[PDB]
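Chemist: For this one, chain Z is given, so just place chains Y, A and G with the ligands on it according to the hints.
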Amino acid sequence: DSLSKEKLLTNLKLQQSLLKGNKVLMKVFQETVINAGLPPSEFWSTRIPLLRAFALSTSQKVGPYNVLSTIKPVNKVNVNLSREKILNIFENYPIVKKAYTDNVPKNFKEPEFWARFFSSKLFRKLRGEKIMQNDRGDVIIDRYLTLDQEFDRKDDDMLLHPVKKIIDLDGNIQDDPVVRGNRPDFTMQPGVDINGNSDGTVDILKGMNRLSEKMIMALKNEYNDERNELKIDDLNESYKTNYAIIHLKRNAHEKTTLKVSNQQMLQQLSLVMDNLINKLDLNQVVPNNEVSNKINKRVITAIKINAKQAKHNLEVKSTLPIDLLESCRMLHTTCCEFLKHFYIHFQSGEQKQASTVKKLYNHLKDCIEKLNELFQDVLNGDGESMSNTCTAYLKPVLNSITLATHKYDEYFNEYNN
Amino acid sequence: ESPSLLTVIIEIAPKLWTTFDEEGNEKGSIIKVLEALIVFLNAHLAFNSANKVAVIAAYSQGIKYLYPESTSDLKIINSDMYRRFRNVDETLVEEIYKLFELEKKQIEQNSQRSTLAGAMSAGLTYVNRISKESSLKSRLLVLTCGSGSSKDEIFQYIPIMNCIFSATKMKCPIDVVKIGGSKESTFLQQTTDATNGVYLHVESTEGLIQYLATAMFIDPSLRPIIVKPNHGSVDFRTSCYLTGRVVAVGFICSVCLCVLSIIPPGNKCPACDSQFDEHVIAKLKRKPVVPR
Amino acid sequence: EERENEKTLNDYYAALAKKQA
Amino acid sequence: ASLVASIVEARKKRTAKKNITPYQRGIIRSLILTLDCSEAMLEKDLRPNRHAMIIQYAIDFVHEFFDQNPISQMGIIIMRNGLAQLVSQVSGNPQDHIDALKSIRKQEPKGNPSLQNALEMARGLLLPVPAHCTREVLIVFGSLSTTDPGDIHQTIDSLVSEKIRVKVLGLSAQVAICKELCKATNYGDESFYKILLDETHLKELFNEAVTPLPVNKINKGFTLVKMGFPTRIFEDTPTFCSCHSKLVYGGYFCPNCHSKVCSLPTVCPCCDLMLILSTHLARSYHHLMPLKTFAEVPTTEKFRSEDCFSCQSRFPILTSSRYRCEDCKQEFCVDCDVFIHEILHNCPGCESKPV
Ligand SMILES: [Zn+2]
Ligand SMILES: [Zn+2]
Ligand SMILES: [Zn+2]
Ligand SMILES: [Zn+2]
Ligand SMILES: [Zn+2]
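Residue numbers (this note's numbering), protein chains in the order written: chain Z, 183 to 599; chain Y, 2 to 293; chain A, 25 to 45; chain G, 542 to 896.
For reference, chain Z alone in the conformation it holds in the complex:
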């Protein structure tokens, strides 16, 4: 289905679809392929989960439901039609879909059609309403009555299937074919009208049963056992988890990249217990104001250093021209995209990746030179008034990029040379 990497890369229409959904994706994609000419497959190669998420979001569909039962008759009536529910009616009733498609594009209007439909007795029949000759219906819609009837016959023919003997009430009533007793009660048998005909409640009940069967066979779509069926689980062994416990052997390496004696510590301990019981003065704790002044110097130095650390506690406010700010952000973004794709190629590790690595190396070099030329532009646009800040802002991505270039050169010298 539409789930492989090849399928997701193939769906150019879906790619354009979420392209048109976003705006920074036009920005990024335009710079990536319209401006830089990157292979758009490798563009989308990162965004594969996003593509699949968009596809699966677009791909779901609802389950069937009794749309005619949700239809209410609502003096006068005003049509308040919902197109999704109109298509729901179409899907649930292909007869109604057909009656739409041979009359509205031929004879009259859609709201006129639906007014005729709500007027029609075919609507009442298809809904849970007993038909009545007092009702006149709509003649145009009610011409489809026998067509819907033969649809019902064909659908019932489809719905017929053999039954399991474990639950077969037909086999149950065919237990004794020579039962000769008495005629059962009118109460508990299906009653009829005065002239022997039925009222049709059996028809409406078999119709709603047909609706249920159509439901469940819509569920039963494309998208022996009695031994298991008759198991009595209540007298069986309880399930126990096979979860594995874990122990932990403990032997850690010592930290890598004079010794005191009991006599000497005991001597000092005796002496300091003697000093402890001897004396203790709070007043002697006051310092000499000179070594204390050096303490003041050290403390104040630490305060100054950490205060300058705290002095640099939406992005930050900047005094850039907004266009050059956007241009440099754009350049940073496409350089980051290039760098990530180059790392993807490099960490992949194949000889098939070699030309890709070389070409992305060329692109990184081009980005470097374009960064330098941008620095020349902000040079002769500022006189290095705040072109220094431009260079420093674009610095760390450039450092990482050129570090990657050095890594590529080093591995080239490692393998080839």
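Worth flagging that the hints you see were computed from the coordinates, not collected in a lab.
Using N, Cα and C, we set each Cβ at its ideal position, and we do this for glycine too.
Honestly, I wouldn't trust all of these hints.
Straight-line alpha carbon distances no greater than 27 Å define the calculated BS3-like cross-link-like pairs of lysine-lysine that follow [stated by the list, open to error]: (1) Y:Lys170 with G:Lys833; (2) Z:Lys307 with Z:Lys336; (3) G:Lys787 with Z:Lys422; (4) Y:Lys288 with Z:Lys522; (5) Y:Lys106 with Y:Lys152; (6) Z:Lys189 with A:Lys42; (7) G:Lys761 with G:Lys720; (8) Z:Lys522 with Z:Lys187.
Derived coverage of chain Y by chain Z (criterion: at least 3 residues anywhere in the stretch with Cβ under 8 Å from a Cβ of chain Z; other residues may be distant) [claimed, not checked]: (9) 15-21; (10) 30-43; (11) 211-217; (12) 236-247; (13) 271-280.
Modeler: Frame of chain Z; chains Y, A and G with the ligands shown alone:
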């Protein structure tokens, strides 16, 4: 604003104190520290009228609830001083002498484990107790003698992390005072940085009064309007399990989650015995493929 | 190949079309 | 006579927690919470209505899950009007999903559910997920039925084949199909289809769902994983970030490809490798090192001590409230027992006792 529940843990150990005073010459430096802390608690309980103080000492064999007295009479200090200050100081010097007499009594047995993490945990439980009673600021103070032999912080690491997480839940900064030869204590520095605590290491026992009076006075009533004075920064990295060196980029077990700077021998976990996948580790060992 | 080129040229028109919009 | 009822209730409670095991439990998690926002949750039957409380509880669930297990990504898809709507991709930032849920606050829950569509696109979202990550979904449900387009059993078979588990927190009562899902997905276990009895029980259930789950021996995936600790810088100049492409004063620096990021624990956007701190991996060590329960000594027997070892308070006196750590042979009060067993993750008696 509110009474700041003061939490002070003093790591007392003759193995450290003897080492420090033999390395230097300031005998009674621990006494100087105790007097300085006496003035510190005086300054704190004079800063606020109810900012109650929890004082606990961890000796070599365990810990002790110093302040206050247990739930179950000489005066060295002066009679002219304040009533509450005098009561607390007399109680603490009595408790300190009792603990030191006890330490002299049972000196000759050996326990090589530091009790700092357990003392910190018990103090945090008491912080929960006090805060649950009756709104109180939580601020934890540790005093250590770092001149002793850095034996093994490895078993201390895990409960220290747990204490960090708990104090993070409890909004309690962990402020560290170190006196020792070693300038750096990485786990304590990480503890201060994560808990928004204060790290400080010096050597001289003199001037600690000015040191921890000036710097070590930040209360949660005024924490955001005070810059922290710490200068060190920590990478929050750990040494490897089988080579004992810190790693920047490496490997961890999918089960035990211990850092592996290299491939374990036998491709099995050195912590929880999980045998791994040879193709996985070969892909990890893969060199990049470069054109000729 | 050649048949991929008109697809990507179709995307070229759509990218230009979305630009003015 | 209330203490006898409390004692027998504590006994019947502790009978379930008598067995404590060091099972291998998943750390690299993959948790999905789908939400239904239908006509059923419009009931004000619980105050103020089911929609509001599940919003609030989901806020709490996001916070707790990211606090305890920051080494997972979180995705949320809402169910509404016969459609399942993705609102939250899997991400390391909880704040994104917090904002999405805040959007879900003001909108109106309505429609009918479709677990088929919901679980299908949850499967599709869970498709590009690495092997070590434990794919598991929490599902909240208030209906007693489910309108669906097609079969659910094919979806069940596919989910079982793709090694993803589920746990259902139903609202009204048990639904047999949800029981079937929980049993078949969960190796025959019935410990996953849970029904609340009040909002406090719902809170407890959410807290239970916060915890990591044990893994199975047969579902063996024991391997290594590449990891990298980055380094934080505090620069004077603002600098462009790789992720959000904007000027940043500080930021961590990539250990491998030397780029910079804005948040952790996150993977690299450039060298594409996961970056954490040792605090993050040690965060689950209580799960890795569980704590034994503490036993009250009986009131009849002679007592080692009469006041609490840890918090240092007097033990109250009919029964004896002295919860003993047999690993350290010290008895403790109920408050300390609660704190050490839940908040703390060490026994200070075992810290003082040398091994
Ligand atoms: Zn392991
Ligand atoms: Zn950023
Ligand atoms: Zn990187
Ligand atoms: Zn207690
Ligand atoms: Zn214990």
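Chemist: Decide, hint by hint, whether the structure agrees.
Modeler: The hints, checked one at a time:
{"no.": "1", "hint": "Y:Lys170 with G:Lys833", "in the structure": "holds (23 Å)"}
{"no.": "2", "hint": "Z:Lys307 with Z:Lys336", "in the structure": "holds (17 Å)"}
{"no.": "3", "hint": "G:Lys787 with Z:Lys422", "in the structure": "violated (54 Å)"}
{"no.": "4", "hint": "Y:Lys288 with Z:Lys522", "in the structure": "holds (19 Å)"}
{"no.": "5", "hint": "Y:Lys106 with Y:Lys152", "in the structure": "holds (25 Å)"}
{"no.": "6", "hint": "Z:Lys189 with A:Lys42", "in the structure": "holds (24 Å)"}
{"no.": "7", "hint": "G:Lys761 with G:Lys720", "in the structure": "holds (26 Å)"}
{"no.": "8", "hint": "Z:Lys522 with Z:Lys187", "in the structure": "holds (19 Å)"}
{"no.": "9", "hint": "15-21", "in the structure": "holds (count 5)"}
{"no.": "10", "hint": "30-43", "in the structure": "holds (count 8)"}
{"no.": "11", "hint": "211-217", "in the structure": "holds (count 4)"}
{"no.": "12", "hint": "236-247", "in the structure": "holds (count 7)"}
{"no.": "13", "hint": "271-280", "in the structure": "holds (count 4)"}
Hint violations for this structure: number 3 only, all remaining hints satisfied.
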